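Chemist: Here's the letter readout for the chains.
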Amino acid sequence: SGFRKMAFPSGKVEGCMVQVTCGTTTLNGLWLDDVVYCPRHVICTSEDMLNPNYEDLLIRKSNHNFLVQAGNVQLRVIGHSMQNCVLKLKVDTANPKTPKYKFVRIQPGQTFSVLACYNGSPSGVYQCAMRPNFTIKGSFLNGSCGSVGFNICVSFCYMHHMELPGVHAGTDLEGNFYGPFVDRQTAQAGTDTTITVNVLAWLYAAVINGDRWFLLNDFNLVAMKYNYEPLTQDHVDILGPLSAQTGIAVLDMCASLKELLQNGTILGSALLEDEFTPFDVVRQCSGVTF
Amino acid sequence: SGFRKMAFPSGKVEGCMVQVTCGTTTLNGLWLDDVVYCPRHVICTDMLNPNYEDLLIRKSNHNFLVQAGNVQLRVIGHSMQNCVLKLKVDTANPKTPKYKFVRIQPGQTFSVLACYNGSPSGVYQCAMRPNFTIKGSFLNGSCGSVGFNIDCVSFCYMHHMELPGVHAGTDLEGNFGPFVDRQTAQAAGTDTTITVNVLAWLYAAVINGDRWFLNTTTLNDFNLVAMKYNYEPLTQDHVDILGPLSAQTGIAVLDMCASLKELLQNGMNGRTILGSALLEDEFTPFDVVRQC
Ligand SMILES: *C(=O)c1ncc(Br)cc1OCc1ccc2ccccc2c1
Ligand SMILES: *C(=O)c1ncc(Br)cc1OCc1ccc2ccccc2c1
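Taken in order, these protein sequences are the chains called B and A. All the letters of the first sequence, read from the start, carry residue numbers 1 to 152, 156 to 168, 170 to 192, 194 to 220, 227 to 275, 280 to 305 under the authors' numbering. All the letters of the second sequence, read from the start, carry residue numbers 1 to 45, 48 to 153, 156 to 168, 170 to 181, 183 to 221, 224 to 300 under the authors' numbering.
It should be emphasised that the hints constitute simulated quantities derived from the structure, not laboratory data. Yeah, the Cβ is synthetic: ideal placement off N, Cα and C, and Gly gets one too. A few of these clues could be false.
Stated by the list, open to error - 16 angstroms max Cα-Cα, derived EDC-like pairs, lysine to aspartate or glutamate:
1) A:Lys5 to B:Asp229
2) A:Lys5 to B:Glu288
3) B:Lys5 to A:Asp197
Said to hold, decoys possible - Here are some, though not all, of the chain B residues that point toward chain A, as calculated from beta-carbon distances under 10 angstroms:
4) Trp218
5) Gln244
6) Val247
7) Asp248
8) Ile249
9) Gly283
Claimed, not checked - Beta-carbon label-pair distances, calculated as ranges:
10) A:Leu220 to B:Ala260: 30 to 38 angstroms
11) A:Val35 to B:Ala194: 50 to 58 angstroms
12) B:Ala194 to A:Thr98: 55 to 63 angstroms
13) A:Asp153 to B:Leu57: 50 to 58 angstroms
14) B:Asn228 to A:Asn180: 55 to 63 angstroms
15) A:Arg217 to B:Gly71: 48 to 56 angstroms
16) B:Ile59 to A:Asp153: 39 to 47 angstroms
17) A:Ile78 to B:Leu67: 18 to 26 angstroms
18) B:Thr304 to A:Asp153: 26 to 34 angstroms
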């Protein structure tokens, strides 16, 4: 019983957090095998950010211009390359704490844990959603760049690159930004919408936990007026297991959310929560371990 | 910027989680040095009204199976301290962090590593309610999961029971609120809001640009309003702990108290504060300074 915003256990990722330094600029890096991944803007001076030509800036930098420290020890860099917006620094030492891992590019609406890090050291962990406009609503201070988001074998899906004038943007671990954003300090995020299939998953969580007072082409007409993402049959199939668990059909739950949108606590929140996936609900409500 | 409910990184606690089985009952234990800690109800079949001493008598060391991953630890001693079982094993946990056992005060927050069969499931941040319950996420099998703060790991909580939807447990010496480890109906006090935490969170909001609620008063005047709305009384100690936030924001603590009184008397009008449509009280002033 109970429902909470739950993050994955962060131990396997803490053992991969190193501190990358280049000139004055120091940020966080991800040490897996004999390679360290970090935002390529580590090579940028303060004046460089306004309009960096990365290839030119990187060419002016050599292997020894990169200080990689794992806790107390300093690793030796024997190679460097740029993959899209991430820097790959080959080191002479495989990380002995490298977990089984994969790199994954998630889709809008999916969630993950962020281990927020400063100077290579963990600060805290929290759960996040990739918004439909490909930002995330996190808690990121200057210095947190390079922290990663992940699901758990660890599937890394996000590296933090920038704080916008109060949401945040970043890349997958191949360095491609999520969204239209570029790693340059110029003003840059379109209309965000609410993740409908996620709100429906959370209403099922509510019913599972005893909170039931609120109990398709038609539904999308309503949701569109309220800046809710349209609900597709793929989304209905995803909610199938929750429906079979609760004995409440999917279109029945949508009918419930319609009235909620027009008329205005559920699981102790006064707003409709859209940062729980259907997999999140099943995971938390059936106690999946790792 | 931004402001999330944030847990502590959990790797040090992950390394201490094991599985403890006694007869049929399996739950989680906490393995530090050569001792495994778990709820004493691991020995109950019973449980409507268990005589714990008499149930313990019927148990020997080999009736306790303790697994740490795939490794089976050998139990060479066992004792009951208050409501927790302490199992002496033949191996000290190599991954033992620097640690303390602490009893936190109502209103302090901690991180809970939820666990099943000795394996981590997830981490989330919690507050000890003024009525000494916690509003957690615990299924059957989660008993023995622990709550902790980090500076050195300070263990403050071990989970024992779900009341007929909130949660109750003990410190790591096994002292529970008024609750006992028996399946009888049990009443928590009326719960109240943690005023000093609400204020800390309003400061957090101002640091992050949410100012719309800024509108003075006296400690005694505010307290009269706090009582009517089931808010914990505010003390000069509380005002003192908010000092650093006041200096950062340049908003006097009693000025923030008046804005909150206004929020308490007028409601929120459908507006939000840090993405919440209610007043959040599970952040301490320390939590706010740490995050910010
Ligand atoms: C971000 O995590 C970070 N930490 C430490 C430092 Br010294 C710099 C950091 O990023 C600042 C940054 C870099 C690039 C940008 C492009 C566009 C807008 C804002 C930024 C900010
Ligand atoms: C608790 O999470 C738990 N996990 C696994 C098992 Br096999 C049993 C568990 O609790 C049973 C229990 C213990 C103490 C109680 C006290 C008061 C009411 C109910 C219980 C239930």
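Chemist: Each hint: holds or not?
Modeler: Consistency of the hints with the structure:
1. This hinted pair does not check out: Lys5 (chain A) and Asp229 (chain B) have alpha carbons roughly 36 angstroms apart, beyond 16 angstroms.
2. For the hint pairing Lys5 (chain A) with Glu288 (chain B), the CA-to-CA distance comes to about 14 angstroms; that is within 16 angstroms, so the pair holds.
3. Between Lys5 (chain B) and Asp197 (chain A) the alpha-carbon distance is near 22 angstroms, which puts this suggested pair outside the 16 angstroms criterion.
4. Given the 10 angstroms rule on beta carbons, the hint for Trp218 (chain B) is violated: about 15 angstroms separates it from the nearest Cβ of chain A.
5. Hint on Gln244 (chain B) is violated. Least Cβ distance to chain A is approximately 30 angstroms, over the 10 angstroms limit.
6. For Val247 (chain B), the suggested interface contact is broken, since its CB lies about 27 angstroms from the closest CB of chain A, more than 10 angstroms.
7. Nearest Cβ of chain A to the Cβ of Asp248 (chain B): about 26 angstroms, over the 10 angstroms cut. The hint is violated.
8. Given hint, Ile249 (chain B) at the interface with chain A, is violated; its Cβ is 21 angstroms from that chain's nearest Cβ, farther than 10 angstroms.
9. Evaluation of the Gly283 (chain B) hint against chain A yields a held restraint, the C-beta minimum of about 7 angstroms falling below 10 angstroms.
10. In this structure, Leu220 (chain A) and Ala260 (chain B) break the distance hint of 30 to 38 angstroms, their C-beta atoms being roughly 47 angstroms apart.
11. Taking 50 to 58 angstroms as the suggested C-beta distance range, the pair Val35 (chain A) and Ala194 (chain B) conforms, at roughly 52 angstroms.
12. Between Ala194 (chain B) and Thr98 (chain A) the Cβ separation comes to about 46 angstroms, which falls outside the hinted range of 55 to 63 angstroms.
13. Checked against the given bound of 50 to 58 angstroms, the beta carbons of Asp153 (chain A) and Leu57 (chain B), roughly 40 angstroms apart, lie outside it.
14. Range check, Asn228 (chain B) to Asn180 (chain A): about 59 angstroms between beta-carbon atoms, so the 55 to 63 angstroms window is met.
15. Distance hint check: the CB atoms of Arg217 (chain A) and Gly71 (chain B) are about 40 angstroms apart, inconsistent with the given range 48 to 56 angstroms.
16. About 44 angstroms separates the C-beta atoms of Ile59 (chain B) and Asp153 (chain A), a value consistent with the hinted range of 39 to 47 angstroms.
17. A C-beta distance of roughly 49 angstroms is found between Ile78 (chain A) and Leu67 (chain B), which places it outside the suggested range of 18 to 26 angstroms.
18. Between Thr304 (chain B) and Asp153 (chain A) the CB atoms are about 28 angstroms apart, so this pair conforms to the stated range of 26 to 34 angstroms.
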